[PDB]
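As structure tokens, one chain now follows by itself in the form solved without the DNA.
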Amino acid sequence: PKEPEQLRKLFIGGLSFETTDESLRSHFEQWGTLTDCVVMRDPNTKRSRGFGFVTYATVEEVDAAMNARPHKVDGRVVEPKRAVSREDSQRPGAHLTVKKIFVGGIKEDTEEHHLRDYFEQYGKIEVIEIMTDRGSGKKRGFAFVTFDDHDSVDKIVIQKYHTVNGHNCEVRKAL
């Protein structure tokens, strides 16, 4: 039962113009089986457009490749990002590259360690902000988590569900 291809693809920006389908493949095959690997080129000149994409056989292989950043490919540090799987209707096909999530539906009994214990397995956490009422100090039932890197957030928002402290949470990219 293969994972959807869109969830196995990595857009690679910042390519050296000398990178080819073949050299990009030789690099990224170190972290998994590549079912697809293509450098974007101009249709007339064949000059590289400076980016491309690779598709792994599994999501765990995508994880392995992201955990092996920074990637220096043909002498240049590149910028891999997971494919846009849920677009912003106003900015079709654009990656919203942020390090912060909104976490809603945690009610008043969810504390910092609940969120840390869960989200630390997606990435390195820098800030956890449990929101409280400006007048009363009561918890408002949502929080923001800031990570040191965008891929944590990308992994988080492509999941269908997040269960934290027994709550079914709503999670989205923030700011």
Second form
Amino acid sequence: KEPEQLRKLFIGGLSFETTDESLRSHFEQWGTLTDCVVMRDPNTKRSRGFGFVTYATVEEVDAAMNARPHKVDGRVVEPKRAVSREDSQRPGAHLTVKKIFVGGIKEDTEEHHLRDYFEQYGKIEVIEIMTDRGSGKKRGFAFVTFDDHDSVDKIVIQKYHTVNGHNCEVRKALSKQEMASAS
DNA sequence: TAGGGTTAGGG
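With the form solved without the DNA done, generate the form solved in complex with the DNA in the same format.
After this comes the whole thing, all chains and molecules, with the earlier chain placed first.
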């Protein structure tokens, strides 16, 4: 049994009329659901327009994710790896991005190093090992862009990532402005 | 479109 957090998906953009039942009836087509709930206002019962579905295994999570686009109750919804409550506190933790910030990589890190670890998560479109402007000095971090945002989500939910023989920190990339706005 | 009475004691 893998962790509950890794077996759960956030389902955004739910129709006003989606219920635990209708939601379950839809996502169960890809596996056994161990939890399925629609979040609604605790005071007015009004649906908050999002919910969660949890499968018995992450493989079933991947199957469902490979079944995108998902249309539930006539509304195109948006399934997403569930970000823990703790990580949801982080800036931009819920953004739909294709690029990840990879920090703490050795100076001699080369593109193949990044590929031997990240390709497993999805198609890589761009790899950028950052260096200093005019200096040429390696700055110790890189950006990797994938063709699917879920490849990023699958990555950022994991705690450790080994590149060029050592652990590195991987986060969703924030723009120059988002960074400055979260600072 | 980010969580369901789900987050720092008392020795």
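Positions refer to the first chain, counted from 1.
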* Are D36 and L15 in one rigid part when the chain is described as two parts moving between the two forms? -> yes
